[PDB]
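Enquirer: Construct the entire structure; sequences and hints are all you get.
The lines below spell out each chain.
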Amino acid sequence: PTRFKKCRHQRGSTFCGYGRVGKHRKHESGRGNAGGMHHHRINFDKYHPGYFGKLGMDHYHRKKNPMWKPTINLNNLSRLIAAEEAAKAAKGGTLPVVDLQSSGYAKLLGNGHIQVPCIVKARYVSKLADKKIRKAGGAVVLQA
Amino acid sequence: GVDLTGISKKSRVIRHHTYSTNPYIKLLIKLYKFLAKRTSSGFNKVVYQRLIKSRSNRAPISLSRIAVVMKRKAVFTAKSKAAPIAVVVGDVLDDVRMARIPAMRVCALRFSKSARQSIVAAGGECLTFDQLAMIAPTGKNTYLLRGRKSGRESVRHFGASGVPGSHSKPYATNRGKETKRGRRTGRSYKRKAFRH
Amino acid sequence: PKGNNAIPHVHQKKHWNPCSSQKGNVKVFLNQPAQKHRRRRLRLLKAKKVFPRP
Amino acid sequence: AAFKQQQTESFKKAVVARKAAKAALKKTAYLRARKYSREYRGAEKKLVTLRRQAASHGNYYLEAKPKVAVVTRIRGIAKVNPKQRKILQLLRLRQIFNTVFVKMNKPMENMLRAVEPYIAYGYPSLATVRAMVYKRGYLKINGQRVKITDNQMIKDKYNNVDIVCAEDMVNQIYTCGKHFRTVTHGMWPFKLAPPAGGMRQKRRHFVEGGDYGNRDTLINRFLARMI
Amino acid sequence: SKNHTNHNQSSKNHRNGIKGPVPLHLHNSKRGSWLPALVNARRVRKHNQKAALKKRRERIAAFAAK
Amino acid sequence: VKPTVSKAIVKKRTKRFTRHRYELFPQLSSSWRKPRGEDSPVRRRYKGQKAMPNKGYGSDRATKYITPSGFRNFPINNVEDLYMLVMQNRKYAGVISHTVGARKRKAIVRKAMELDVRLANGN
Amino acid sequence: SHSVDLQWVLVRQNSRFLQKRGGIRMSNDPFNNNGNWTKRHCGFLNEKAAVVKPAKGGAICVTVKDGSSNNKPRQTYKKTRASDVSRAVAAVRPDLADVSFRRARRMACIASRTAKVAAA
RNA sequence: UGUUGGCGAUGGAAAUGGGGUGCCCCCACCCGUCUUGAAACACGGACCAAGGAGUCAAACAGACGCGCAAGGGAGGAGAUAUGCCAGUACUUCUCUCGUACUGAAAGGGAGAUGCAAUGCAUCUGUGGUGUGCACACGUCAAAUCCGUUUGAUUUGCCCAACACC
RNA sequence: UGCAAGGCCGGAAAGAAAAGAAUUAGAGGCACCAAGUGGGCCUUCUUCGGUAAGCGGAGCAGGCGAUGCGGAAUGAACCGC
RNA sequence: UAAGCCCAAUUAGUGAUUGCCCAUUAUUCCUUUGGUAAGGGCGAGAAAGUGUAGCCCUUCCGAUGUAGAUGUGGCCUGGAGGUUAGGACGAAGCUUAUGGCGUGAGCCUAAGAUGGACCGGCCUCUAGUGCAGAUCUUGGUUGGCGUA
Ligand SMILES: [K+]
Ligand SMILES: [K+]
Ligand SMILES: [Mg+2]
Ligand SMILES: [Mg+2]
Ligand SMILES: [Mg+2]
Ligand SMILES: [Mg+2]
Ligand SMILES: [Mg+2]
Ligand SMILES: [Mg+2]
Ligand SMILES: [Mg+2]
Ligand SMILES: [Mg+2]
Ligand SMILES: [Mg+2]
Ligand SMILES: [Mg+2]
Ligand SMILES: [Mg+2]
Ligand SMILES: [Mg+2]
Ligand SMILES: [Mg+2]
Ligand SMILES: [Mg+2]
Ligand code: NA
Ligand code: NA
Ligand code: NA
Ligand code: NA
Ligand code: NA
Ligand code: NA
Ligand code: NA
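Heads up: the sequence lines are chains A, B, C, D, E, F and G, in that order. In short: position in the first sequence from 1, add 1, done, that's the UniProt record's numbering. In short: position in the second sequence from 1, add 1, done, that's the UniProt record's numbering. In short: position in the third sequence from 1, add 1, done, that's the UniProt record's numbering. In short: position in the fourth sequence from 1, add 25, done, that's the UniProt record's numbering. In short: position in the fifth sequence from 1, add 3, done, that's the UniProt record's numbering. In short: position in the sixth sequence from 1, add 1, done, that's the UniProt record's numbering. Under the UniProt record's numbering, residues 2 to 81, 88 to 127 are what the seventh sequence spells out, in order.
It is possible that part of the hints are untrue.
Ranges between beta-carbon positions, derived for each pair [as the list claims (entries may be wrong)]: (1) F:114 <-> B:16: 31 to 41 angstroms; (2) B:158 <-> F:26: 55 to 65 angstroms; (3) E:45 <-> B:155: 48 to 58 angstroms; (4) D:182 <-> E:20: 31 to 41 angstroms; (5) F:39 <-> B:13: 35 to 45 angstroms; (6) E:22 <-> B:155: 24 to 34 angstroms; (7) C:28 <-> B:174: 16 to 26 angstroms; (8) F:12 <-> B:38: 36 to 46 angstroms; (9) B:58 <-> A:2: 23 to 33 angstroms; (10) E:20 <-> F:26: 49 to 59 angstroms; (11) D:91 <-> B:16: 49 to 59 angstroms.
Partner residues are not named here, just some residues of chain G that face chain F (Cβ under 8 angstroms, in silico) [to be verified]: (12) 22; (13) 23; (14) 25; (15) 27; (16) 28; (17) 29; (18) 35; (19) 36; (20) 110; (21) 113; (22) 117; (23) 120; (24) 121; (25) 124.
In case anyone wonders, no lab produced these hints; they're calculated from the structure. We put the beta carbon where it would ideally sit given N, CA and C, even for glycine.
Expert: Next comes the structure, spelled out in structure tokens:
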């Protein structure tokens, strides 16, 4: 809305908040990111360390679909089980089955304490996750 | 003329009234301003002060944190006394990382649907502030709680990233762009990770 | 006095804006509901014509 | 009507207690004033006899050094150095013709010596202290400037069994008692009028024919035209 | 076109005052000190933490039992 | 009806604050504009110049908005407007709007006379 | 379910009964005994209400909202010396006694003056 | 807070405030600008009307308002009320930002306690210490209409937050 | 069982006397977002260059710039405020 | 025989205390406005309240300012969604020794011996939204001048 802007508060004041000594002029420092090495060096070096240079190897035709690999944690595993099966679950008997690749995940990581034993089907798994789930009472089955 | 130099630098910036547009918030403020004026308790004064604050200064709290602090208070309490009422001026959100919790009475401005369901399933009650004003008009036997503020992305961005000792994130949309010069010793220099 | 902002890459340095000297290069969507209505009407007519085939 | 009856009964009980407290405070103030008057007379007489005894034998009598000073600001707020500005702020003389009582010890004398061209000071008398408390005495109550109008305000402000009336305040200030700092810190700075009849020269020392500096017990005539 | 002065600088510095130093008990880091003593201090701190946990457990048990 | 009595009205200032130098240019209006010239004598507060409005010229709140008759003005547009004035008789007087016609003005004046409501521009 | 405090918060700033002319705020409400725009006198939103009105001849009619038939707009208000009028009002609303007393006196005086100008 | 006179008897009245013009005593350099400094022998300046200058889009950030919350939300498109209606009502699938980071890369990937030295056992749980709202339990002052307040402090748990590990 | 370091437990405490033995228009700490400015000039003391200067260059503080009012007949900066 | 210069007094060797003139300063009284504000209440009168014609009463302190920042139930202009109203018994526009109100931007009434068909208040929404000066733009006028 134009009625809330600062220019409506400034009608009658000649300079509009820019001063009589240093006026409001077109481009007093250059256009764009000009001068990042000469006269804007302090700004660049103190707020954006690492802007200039090269690092690492190249990869000419990157495709992200072969690189798809999302992750989920043991203490988060309960989002993928329905409430009734979670209540019915108990170590030593019949456990719920979780399909990570159908739920949208690829790798199982092992942070935290597992809140319910279950059988997990995953493409990948880590050492700690495998060990912890085996101790809890569930199991992990590799899929493709 | 009186010499009062630097006397405006003693002035403090407080709020004193709410910017919220919520009629129910206004009704709650009307109740607790009266209570804070006519009652000697400090609980009412603190609650009134926190109802006036902005949304960013009323951070949400978690069910797991509520359970943990309540248990740590309960271990050292007589076996015949009753547990207190957890009070938060803010929202209560759920935690999927904690499955089983005790039965607690909680009062808050808002509950998630999942938080409400979890509390009632465990065996507790979700109260409102007008119900609290009738159960505990002075705030006796209550636990006043606050939610966590650090860990917000804005807080982690505050500062200058290129001065020694500084570990704040830069404002950048490409994650691989600002590495190299000023971040690796192979380039000109690397900013120091520690300073006394 | 540029403080702590991002480094901008807004990419608007060609003659896309139509003015007194430039034709422009823009595309607006102000005919979206009209075209949606037209498509639905055509589909209904075609189904009526080819009935009883799916 | 139970609430109204309880309220009116409580109020009827409170009024009589207020009257009784007034009655007791009056007697306490009377007794203290009488004893202070006796003490002043006795001290004066004792000094007189001691001086006469020395003079008869041909020795000298050395008087006790003054313990209290009264300081007033005679210059306005313009072109003041940072150090002297801070000293005047610490002494609570931020306006012209403001007055305070200070202890005349070493830490305060070395402060008064550094702002001399701005002040006039000297050693007050009982009449001066009494007049400045009765005519132009104000207290600090909840951060406000309140004029002294009865002894109940003094009692409530100071909350000390040694300070319950105005004669207690006068005695403490005059004799530099154990509550000198409490009594003087609980007061607003005195705000006086310009001296009727004029000054001499605010730019010279009193010894040179001007106004600033220490003028001993001649400050009383200066203040008698300002209070 | 090149001039230098220190005229208004003290007043500017004292406007918001010269802030005093931080108390010595805060920001009392030990990084960069003598390593042989640093290592022994770390071992003692670990033992102290274990002792504190045990003491709390004992307190809890006593309160529960009596 | 008579109004409620009040203190005497003081009116700190009666003259108006007019613009600087509007008497020399026909196109300048007399309404007040704040002068912002660097060398302006009115802005710099010289001795013989005209004054600028302050908060100190404000009027006593006990008598603010009271007209010389002792009432305060409330604008009315028809007959039904008098019924909400009939209860605050000694505080408010009605002012008939400029654009109400003669036909309606007759009825308004008659009703106000019956109800004992004062009209500031009645008839 | 929706209380008078909530309704007042909702309508305090704009309503068809609020007349803000000049800098003065009055009330057009037919169930207001004062003309003031306050929650006490806003009789169209209160649960109980009573208003004194002039009736034919020299009669004074008091209209009372008991508070039981609200949500039935055609049954919300049932009709009915100044001391008697005040006692009638105080049954419904004790805090409406003085204003109703004064309003009854004013209505009687208006009737007498109208009879005077009728004779003249 | 009363008392005594004058003018005013319904007029072309009297009175009190506004408004207009003249006069007397006093006060008072010409506006806008740039400049350390303008009344300047420094630039612009005969009169009036109408017009005349921080706006639209797009990326990011901080503060404030609102909805939902370990999740939030589309967009494009479709379906039928719908055949006044460029609006409103409804929607599967997906996509995107977030819940996890780190390495040039091949790649790897975060709980606590106890006992031991890809180890074993339990799981209602702040990893520890210092400074720390409210609440609970004691104690002492001041004031008191005697009912309680206003203060201080001891201990328990300490929420948010900061310092050291 | 000496010294060093980190803790637990218990005790004392004019909570800082007396000797000129402080005072305070004396609430401490921590962050976030942004403007204008980056031509200065005068005076008191101290001064370097220059014959000197209403000249050039510095140190400490106060002013004008950004400010009227009362005085020095008049004056950016003097005296009082 | 200073109305000059250097000293010194205050009504004069008679005996306690200040010759007198002038500030946007000091003291005091009245009014406004704002607080890091402080208390009380809930015959005409009182609203549980940031901000108004302030809910009502008492109390204390501050008040200038260029470049610059911020606030305002602060003023004004063209249009949209609502609500409440006016007009041939005279709308908009225009004129003023027409007063009243407001610190002010401004609002309102009166008279027209003006006009002849449209338009006001309040709550939200919206923008090509406020002029004294740019050797500003377009139109009209003007002194010089009954002159060269
Ligand atoms: K320079
Ligand atoms: K006026
Ligand atoms: Mg290379
Ligand atoms: Mg985090
Ligand atoms: Mg800069
Ligand atoms: Mg800067
Ligand atoms: Mg062209
Ligand atoms: Mg003199
Ligand atoms: Mg100018
Ligand atoms: Mg992250
Ligand atoms: Mg300048
Ligand atoms: Mg100002
Ligand atoms: Mg300005
Ligand atoms: Mg337009
Ligand atoms: Mg005229
Ligand atoms: Mg324009
Ligand atoms: Na600039
Ligand atoms: Na200037
Ligand atoms: Na310019
Ligand atoms: Na000028
Ligand atoms: Na600049
Ligand atoms: Na410049
Ligand atoms: Na114009």
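Enquirer: Run every hint past the structure and note whether it holds.
Expert: Hints, verified against the model:
1. F:114 <-> B:16: 31 to 41 angstroms: violated (54 angstroms)
2. B:158 <-> F:26: 55 to 65 angstroms: holds (57 angstroms)
3. E:45 <-> B:155: 48 to 58 angstroms: violated (35 angstroms)
4. D:182 <-> E:20: 31 to 41 angstroms: About 33 angstroms separates the Cβ atoms of residue 182 of chain D and residue 20 of chain E, which means 31 to 41 angstroms holds.
5. F:39 <-> B:13: 35 to 45 angstroms: Cβ of residue 39 of chain F to Cβ of residue 13 of chain B: about 36 angstroms, so the range 35 to 45 angstroms holds.
6. E:22 <-> B:155: 24 to 34 angstroms: Check passed, 26 angstroms falls within 24 to 34 angstroms.
7. C:28 <-> B:174: 16 to 26 angstroms: Cβ of residue 28 of chain C to Cβ of residue 174 of chain B: about 25 angstroms, so the range 16 to 26 angstroms holds.
8. F:12 <-> B:38: 36 to 46 angstroms: holds (40 angstroms)
9. B:58 <-> A:2: 23 to 33 angstroms: Holds, since residue 58 of chain B and residue 2 of chain A (Cβ atoms, about 27 angstroms apart) stay within the stated range.
10. E:20 <-> F:26: 49 to 59 angstroms: Since the Cβ atoms of residue 20 of chain E and residue 26 of chain F sit about 52 angstroms apart, the hinted range of 49 to 59 angstroms holds.
11. D:91 <-> B:16: 49 to 59 angstroms: Holds, at about 53 angstroms.
12. 22: Cβ of residue 22 of chain G sits 5 angstroms from chain F, so the hint holds.
13. 23: Check passed: Cβ of residue 23 of chain G comes within 6 angstroms of chain F, closer than 8 angstroms.
14. 25: holds (6 angstroms)
15. 27: holds (5 angstroms)
16. 28: This hint holds: residue 28 of chain G lies near chain F, its Cβ roughly 7 angstroms from the closest one there, short of 8 angstroms.
17. 29: holds (6 angstroms)
18. 35: holds (6 angstroms)
19. 36: holds (5 angstroms)
20. 110: holds (7 angstroms)
21. 113: OK, holds: residue 113 of chain G within 8 angstroms of chain F, min 7 angstroms.
22. 117: With a minimum Cβ separation of about 6 angstroms from chain F (threshold 8 angstroms), the hint on residue 117 of chain G holds.
23. 120: holds (6 angstroms)
24. 121: holds (6 angstroms)
25. 124: Nearest chain F Cβ about 6 angstroms off; hint holds.
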